[PDB]
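Asker: Okay, here's what each chain looks like letter by letter:
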Amino acid sequence: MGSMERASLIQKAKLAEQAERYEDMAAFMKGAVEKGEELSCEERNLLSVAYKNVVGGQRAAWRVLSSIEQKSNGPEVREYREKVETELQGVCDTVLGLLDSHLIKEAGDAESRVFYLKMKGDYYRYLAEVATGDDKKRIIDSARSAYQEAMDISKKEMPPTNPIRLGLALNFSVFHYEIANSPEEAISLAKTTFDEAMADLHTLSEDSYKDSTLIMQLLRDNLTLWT
Amino acid sequence: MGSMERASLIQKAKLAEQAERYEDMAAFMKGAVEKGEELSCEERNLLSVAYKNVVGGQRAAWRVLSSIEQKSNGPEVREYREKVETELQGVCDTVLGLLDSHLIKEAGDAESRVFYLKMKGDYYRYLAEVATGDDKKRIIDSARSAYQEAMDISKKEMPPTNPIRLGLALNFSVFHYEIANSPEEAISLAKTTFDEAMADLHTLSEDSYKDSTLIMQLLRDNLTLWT
Amino acid sequence: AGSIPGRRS
Amino acid sequence: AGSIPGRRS
Ligand SMILES: [Mg+2]
Ligand SMILES: [Mg+2]
Numbered sequence: 001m002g003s004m005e006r007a008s009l010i011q012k013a014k015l016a017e018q019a020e021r022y023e024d025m026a027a028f029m030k031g032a033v034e035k036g037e038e039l040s041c042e043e044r045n046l047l048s049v050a051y052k053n054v055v056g057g058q059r060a061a062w063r064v065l066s067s068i069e070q071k072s073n074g075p076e077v078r079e080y081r082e083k084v085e086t087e088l089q090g091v092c093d094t095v096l097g098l099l100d101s102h103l104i105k106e107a108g109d110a111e112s113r114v115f116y117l118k119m120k121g122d123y124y125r126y127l128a129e130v131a132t133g134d135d136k137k138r139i140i141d142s143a144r145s146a147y148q149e150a151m152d153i154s155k156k157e158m159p160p161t162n163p164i165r166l167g168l169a170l171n172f173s174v175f176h177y178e179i180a181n182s183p184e185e186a187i188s189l190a191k192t193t194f195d196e197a198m199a200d201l202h203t204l205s206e207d208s209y210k211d212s213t214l215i216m217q218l219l220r221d222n223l224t225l226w227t
Numbered sequence: 228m229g230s231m232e233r234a235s236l237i238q239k240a241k242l243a244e245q246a247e248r249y250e251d252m253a254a255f256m257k258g259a260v261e262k263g264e265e266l267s268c269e270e271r272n273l274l275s276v277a278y279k280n281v282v283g284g285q286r287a288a289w290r291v292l293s294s295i296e297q298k299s300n301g302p303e304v305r306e307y308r309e310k311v312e313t314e315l316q317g318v319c320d321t322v323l324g325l326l327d328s329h330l331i332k333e334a335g336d337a338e339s340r341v342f343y344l345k346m347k348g349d350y351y352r353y354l355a356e357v358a359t360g361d362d363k364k365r366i367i368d369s370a371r372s373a374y375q376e377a378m379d380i381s382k383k384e385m386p387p388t389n390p391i392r393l394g395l396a397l398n399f400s401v402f403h404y405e406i407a408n409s410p411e412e413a414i415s416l417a418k419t420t421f422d423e424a425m426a427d428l429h430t431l432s433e434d435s436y437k438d439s440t441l442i443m444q445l446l447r448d449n450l451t452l453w454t
Numbered sequence: 455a456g457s458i459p460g461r462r463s
Numbered sequence: 464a465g466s467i468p469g470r471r472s
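Protein sequence lines, in the order shown, are assigned to chains A, B, C and D. Going by this note's numbering, the residue at position 64 of the first sequence is 64; the numbering climbs one at a time, nothing skipped. In short: position in the second sequence from 1, add 227, done, that's this note's numbering. In short: position in the third sequence from 1, add 454, done, that's this note's numbering. In short: position in the fourth sequence from 1, add 463, done, that's this note's numbering.
Check each hint, because a few of them may be wrong.
Unchecked claim - Cβ-to-Cβ under 10 Å is the rule here; a few derived chain B residues that face chain A:
1. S235
2. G284
3. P302
4. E333
None of these hints come from the bench; they were simulated from the model. Each residue gets a CB set at the ideal place from its N, CA and C atoms; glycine is no exception.
Construct the entire structure; sequences and hints are all you get.
Answerer: Written as structure tokens, this is what we have:
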């Protein structure tokens with residue numbers, strides 16, 4: 001996308017979202033990141049939405065194929081699961097590469113840095129979902145370390161109702177439950193996050209209240225499933 | 228897909244359907260067609276499902292972008308609509324090329340020949356949806372000619388409740404209404420098809436009855452929208 | 455209106 | 464369970 005203007009890439013990312021063309025969306029936003037400028041709040045959301053949808057479809061397909069493969073145990077199901085897996089890993093590596101070159105290092109404000117570190121934890125988590133053995137351990141630790149740094153910044157720099165702080169805590173709790181085999185840590189984190197947000201709702205306008213309570217309901221939904 | 232066995236391509240097409248990976252599905256079925264053997268009934272259905280889903284997503288995106296472009300009247304919306312349009316045209320050309328090399332010419336039984344000619348009418352119809360001017364006329368006539376040949380064979384060789392004959396009539400009626408500016412022809416065809424199927428339901432087993440009545444309801448749904 | 459949905463085998 | 468859906472801007 002090197003020959004397209006940054007503003008045109010952003011505009012086309014928005015059109016691609018409206019058209020539900022998420023692969024195109026992600027390609028436009030990769031091009032925008034590669035222009036080398038920092039991303040605004042809205043532009044960070046476009047980057048995240050694009051890749052979440054792309055990798056979300058890959059993850060759903062991988063789970064379908066992995067389930068069929070487990071039931072079977074010719075080479076076709078394994079071969080095709082491996083093909084989808086390699087594609088998924090490539091998307092995760094692409095996102096991680098954008099974060100490392102150079103989104104995180106240029107992000108000084110807490111909101112941007114936390115947003116990118118949450119992404120980093122998420123894409124290492126998606127790598128961990130398909131990893132095996134003694135590559136899986138290092139991938140898990142990379143996810144944990146990214147989430148932990150984001151958590152440390154968010155607790156110092158953002159109110160407990162901030163939607164990025166809340167979503168980070170939600171996703172880190174999912175990491176603890178599903179990846180790290182730490183369901184008690186997952187439940188603790190979700191409970192403390194929910195309670196501290198509850199106690200800060202009084203400070204919020206109606207619109208901020210709506211966003212924060214929506215994520216708090218997702219924390220509660222997990223707590224209900226886990227307890 | 229030249230190095231993969233035909234049976235493996237078919238098996239992977241079925242896995243891709245289960246995983247909702249329709250682009251992969253279509254690529255596997257293109258590879259299977261290119262092995263040069265005729266397709267069984269089930270294999271024809273896999274080919275059709277794969278490409279219908281691929282082009283269906285492209286058509287839905289094109290309509291979103293075309294609507295935005297019409298409301299606007301910089302170059303971005305037109306450029307992106309044109310990109311999606313060219314992609315869609317390429318998929319249609321690919322399917323038409325498979326039909327022409329050499330699925331139709333090798334199809335002797337009425338069921339296979341009608342199935343492929345219905346596909347040919349459908350993919351020319353999708354080309355017509357995005358065509359303008361005095362290429363649009365020749366594309367429209369190509370759709371009409373394919374549908375008409377399929378209709379002539381189906382009326383001679385298949386019962387009025389046959390699902391392919393019914394779906395062909397449904398799609399040709401849609402062609403008349405939406406493409407050829409012939410709503411009366413559309414309504415007539417849908418009515419006669421529905422009535423002749425109704426009068427043949429008594430001959431069918433319970434399972435065949437279910438399939439035929441399902442398509443008859445789609446004819447009725449169009450008639451309700453058009454009258 | 456609606457053509458054959460044909461998006462599921 | 465459920466992570467941030469984050470599939471719509
Ligand atoms: Mg900076
Ligand atoms: Mg033959």
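Asker: Given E333/B as an interface hint, is its Cβ closer than 10 Å to any Cβ of chain A?
Answerer: Not OK, violated: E333/B not within 10 Å of chain A, min 26 Å.
Asker: Does the CB of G284/B sit less than 10 Å away from some CB of chain A?
Answerer: holds (8 Å)
Asker: Does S235/B pass the interface hint, meaning its C-beta sits closer than 10 Å to a C-beta of chain A?
Answerer: For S235/B, the interface hint holds, since the closest Cβ of chain A sits about 5 Å away, which is under 10 Å.
Asker: If you take the shortest Cβ to Cβ gap from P302/B to chain A, is it below 10 Å?
Answerer: holds (8 Å)
Hint 4 from the list above is the single one not met by this structure.
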